[PDB]
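Okay, so here's just one chain, in structure tokens, the form solved without D-mannitol.
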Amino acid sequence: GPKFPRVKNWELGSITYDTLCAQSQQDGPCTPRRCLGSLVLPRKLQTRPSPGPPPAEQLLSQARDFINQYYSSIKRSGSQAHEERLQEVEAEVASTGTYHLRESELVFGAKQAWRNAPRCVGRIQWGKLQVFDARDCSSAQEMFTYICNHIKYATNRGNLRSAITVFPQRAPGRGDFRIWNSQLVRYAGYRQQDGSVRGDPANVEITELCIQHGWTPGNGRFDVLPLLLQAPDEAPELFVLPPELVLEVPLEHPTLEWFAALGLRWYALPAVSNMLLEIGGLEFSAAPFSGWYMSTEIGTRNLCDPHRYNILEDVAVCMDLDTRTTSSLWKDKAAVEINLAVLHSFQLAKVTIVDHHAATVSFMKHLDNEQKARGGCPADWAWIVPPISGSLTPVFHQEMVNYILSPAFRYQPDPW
């Protein structure tokens, strides 16, 4: 039949065609010979640093293209305002080499970039995003203030609200605005003497970087790291977040009274801050965004991954499960009780959280919405399915097509 990817839902038997992928202008990692679709960081999603300004011709088309998406969203394609804005963009690129977005355009692309994120299962909220314009920012100290305002608004005392703060874009012959940390809120990872790590092994490099930059270290599993904010052509400056601004949740179990005594906890606000935001060819090297957690992110990946808190065994022991044999499914039993702990603790502290069931069910609804609106939705299957109970969620049975659409959130090299 149709000349587009046929996509099927095995639970429902329903069929759809993805026509939206025709819009993709950025190549992926796969070729007809092999699928490189399980690679976390292929050199097809990552945006290398451009030491020199993008070729005027290529910037122009990415820009002309973005403006078109913008006007189509307001339903003024072909209009005088549309054609004028186009002439205005090339005029600016012609004399300066780059151009700038209007306030409403930035808000559009930012929402669009989230909307285009293949690995995000919470895109049913894509329209609800508070875009804080911070393109006026000119110092690392000011970045700190904006971030504190971001955390305050976004955290909203446990009734979290999605938001992103856009700092100045990459400008030729001038350094980038960078947040060295991966997230605004992270736990320190201390490299022990015996070789191990106290805290979060993931954050070991940044922890040592903060120390080398004047940070006075603590020695706990859950120490919140300080921000290492960087302004153009200046070394990064260290800033310590006010404890009152960082809302955390002490984990406890609804039935297993001893879970509380484990001293486990997690911060309520998830804010990626190392990702690059690309809109119409313009690159925003620092633009932290945040929403709310899905239970499995904390209870399974963060707490149970081998290379993270790895608390699976400790909980298994407390539960008195046979940790000597795999066929007892002690890893399965503990993980379920740990996720149940994250859910219970957050629901008690009145902090926002969504479980993997409700989360995937809502993404399916988002998929219907997008089929009607754009004829498809770029989705990364391995990332959409929860790290536990996979086939128990509707998304598992949903085939997905993955591709890159702009605007978008891309990975970028570490500033060091």
Contents of the next structure:
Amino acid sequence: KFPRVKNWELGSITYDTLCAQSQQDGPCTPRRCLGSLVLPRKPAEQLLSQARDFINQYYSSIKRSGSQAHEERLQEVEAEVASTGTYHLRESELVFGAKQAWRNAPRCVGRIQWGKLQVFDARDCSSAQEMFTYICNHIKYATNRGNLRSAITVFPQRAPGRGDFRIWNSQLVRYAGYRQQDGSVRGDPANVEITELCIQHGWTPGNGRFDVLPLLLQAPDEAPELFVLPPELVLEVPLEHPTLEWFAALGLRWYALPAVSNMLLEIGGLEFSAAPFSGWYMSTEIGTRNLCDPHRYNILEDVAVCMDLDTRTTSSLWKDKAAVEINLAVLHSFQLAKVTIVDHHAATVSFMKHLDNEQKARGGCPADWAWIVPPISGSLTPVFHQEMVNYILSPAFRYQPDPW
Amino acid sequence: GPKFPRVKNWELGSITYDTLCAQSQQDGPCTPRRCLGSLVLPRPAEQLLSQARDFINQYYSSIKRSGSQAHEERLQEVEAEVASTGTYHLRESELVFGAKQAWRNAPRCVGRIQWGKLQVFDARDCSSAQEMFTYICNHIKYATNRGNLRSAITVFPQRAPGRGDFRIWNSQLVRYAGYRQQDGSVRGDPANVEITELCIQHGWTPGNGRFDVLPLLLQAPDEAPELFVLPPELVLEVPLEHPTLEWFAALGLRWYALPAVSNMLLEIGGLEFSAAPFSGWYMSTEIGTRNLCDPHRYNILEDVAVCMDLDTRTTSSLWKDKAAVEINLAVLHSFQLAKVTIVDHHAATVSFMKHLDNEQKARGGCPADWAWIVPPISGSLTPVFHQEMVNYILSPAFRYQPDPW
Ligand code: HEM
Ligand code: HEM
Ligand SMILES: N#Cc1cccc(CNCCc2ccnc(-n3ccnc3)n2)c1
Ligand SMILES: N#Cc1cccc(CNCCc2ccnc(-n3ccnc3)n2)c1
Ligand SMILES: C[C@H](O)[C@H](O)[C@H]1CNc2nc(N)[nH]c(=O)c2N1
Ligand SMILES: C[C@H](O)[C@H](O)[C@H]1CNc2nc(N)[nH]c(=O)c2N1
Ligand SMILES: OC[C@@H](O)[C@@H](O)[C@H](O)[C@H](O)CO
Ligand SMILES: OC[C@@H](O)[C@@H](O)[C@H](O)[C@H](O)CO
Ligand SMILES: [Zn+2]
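After the form solved without D-mannitol, can we look at the form deposited with D-mannitol bound?
Zooming out: every chain and molecule, the one shown earlier first.
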């Protein structure tokens, strides 16, 4: 019923009772576990019950359950859904809802920060142009000259029988990938498709390894529009290494602001199809995944050769060695640039503290072990040895289909 | 698409569907409401017969004689045995098939490319602890092969109704002692504190080193376990040195050659073999990362980092990451120099991906525990990290069982 959760480094045991609050099924069944899969395979009373649950969450949060304001708010929601098939959140409710979705996000290692989130209400946006203004302000606010601050901008909710507000980019800041005549890629192979979409919508493309993509922004039932981010808004960090003088000569660099723009924020049964959020990077996202993944910049071999490692065989651990120096270069360069970043040891340590906080606060914490455990040096971090329970709580961030 | 889990590799973009999970007749710990896939240990003639029937069907399928006269006769013979005795017995080749299939079916083992090449030792005639010792020594000699390691399993008599189990009390045939100190610390391997004390309680005169090989506590049916010291010449060990860090040798670290699990229950057609030690060869990260660097194991990370003169006062120096790499390299280098079979985490995960493709074609899927398959260092540097995996319980199976004390 309630799962026993063991930490194998410390021998300590907890029991997750929070998971009983899950109203949504994930992909596992008793016959097989699908916990390693990245993506999911796929009226009024329903909305009304998700709404009431949410409003109840909110008033309990401000310690006013049963108050007249609480009972009144419930009747407003009920009156509105009964008449219109939908309802609208008050700004304070949206702010609470956004924080809870972040708190409930099982794949986020940064949730120790969940209570500190600047929420921009952009629900009065009626055009792609206005979306762009809102986005620019978000980036300006969040970047803060390198003293990064977590933020989310919330655009208008989905509505029955009209197109969604959507940001076509998967991140607000990302580098282009240009498919070359011989079928290689200059730039970021993860972004070949969005790059091609930008060009087809009139963007004049650069030809570098790190060309910042323009935004494709879509207002309901309209073709998406192209907007070039002003370069002065996009803070970037040149990569150099503390001891390897040759490393800077690789011409490598990365952007400061990690901002997801393709996810759906669901609150009280309402869905926000455009609600970009940003925090700050954990170094391995850049050093290990972005730069070392075989299907990303894939620079492992190049670095190892610069290090004169023996690439002929796997047992020299040339890959492990290069990867460490790359992550070290990312930490060093961000610190030298005074741009907020957290290494995977510090991050995982703070996540453990978060598990403890949430255990006392809520009786558990949904966590996806495969995502929380860093992509290098797994068992060198405390989260490796910590069992975790995964489940879906609402409010939630969800994946949604690419709008094209 | 099909009504089966869609499985994606995100590096290559390739898609398979697992149809093999349909053959699973045993529930795991997950439900639609929550995934417990990360938990290490999650919680009658009628039942025996259906399990037995199922395995006999598996056996005859594998020899391509499903539905044959010998198939139906074997089914009848098993039902009649269970009818008169309450249990039944495997033919020798059925045992070999079952032990191989249990290995093939093990979601947590990355070494499964080798599954067809397992030497199965039949020790179902064993009738004493002394005899178990002989069989185990023989296993260790055969499997070690002076450094050219060979996969093997030795199978002792099955669990019998109204008779005590054959049990090996040790969790591995070879493991190091852990001596609790008066200051509260542990000398040796902290993993082994309890078994070390049980050995002493049973009359073992304890050492006082960091790497004292443990004696075996062996239990024949309905008898107190008996203590047996392994003759040092049978236990191959490898002193650790580093290819370029000349001081690493001075740390006096070492590890044993033979990784032999000895406390898992082997289950085949409902028959339960409570003592069936098996052994392969190490993947280097088992020694280098887990045994030597786990905080609750030898915990040598800080020590090595200090010798490397790293900044252990801040996480951002990546001192743990650097030291861990050199320790893993020392493990590989030393085993290679000593000519003792070992496989690094890159070569092992590449072979497992090949194994996945083999099993996709052969069986339509492969049960795999992602958390265990992905190595504890350099995770996304290996191809298995980017491979989605479906986990389920197939039988024959290796299973955990409670410590006999
Ligand atoms: C403040 C510092 C933050 C850190 C250090 C952090 C860290 C991370 C990391 C390492 C991941 C794994 C992503 C990947 O590897 O693809 C992740 C995912 C995620 N984070 Fe955060 N995060 C932060 C802020 C935020 C904020 C402000 C939100 C929402 C308001 C958020 C919500 C999420 C969600 C929903 C995911 C899952 C993304 C996906 O599945 O693609 N995080 N986070
Ligand atoms: C031949 C070379 C082999 C390699 C490289 C290999 C590799 C591995 C590794 C790295 C693990 C993870 C164990 C841990 O991290 O605690 C494992 C687990 C396991 N292996 Fe193997 N293995 C090999 C041979 C075998 C054989 C011969 C068998 C049985 C006939 C076997 C059955 C198992 C089982 C049942 C587990 C799960 C153990 C547990 O959950 O504690 N393996 N293997
Ligand atoms: N769909 C999809 C899909 C599948 C796997 C990974 C993905 C990207 N994951 C998020 C990557 C990312 C990038 C920048 N920033 C952040 N980020 C910011 C705060 N927390 C995470 N996360 C999407
Ligand atoms: N019960 C239990 C339990 C929980 C976590 C880890 C554990 C040990 N896992 C096996 C370790 C191990 C040691 C030597 N050899 C092998 N081995 C040999 C062939 N394949 C794996 N495996 C047991
Ligand atoms: C197949 C596997 O689930 C996939 O590669 C996951 C593994 N863990 C991850 N962990 C993080 N933090 N980010 C990721 O994209 C992934 N990808
Ligand atoms: C808590 C977590 O499940 C536990 O530490 C697991 C993770 N993955 C593992 N993987 C392997 N190969 N061996 C292990 O012992 C573990 N331990
Ligand atoms: O080129 C488009 C891709 O970046 C995009 O499809 C992402 O894979 C997707 O949005 C999930 O991140
Ligand atoms: O010292 C006792 C332990 O080694 C023992 O309890 C093991 O943890 C157990 O047998 C499973 O590995
Ligand atoms: Zn699961």
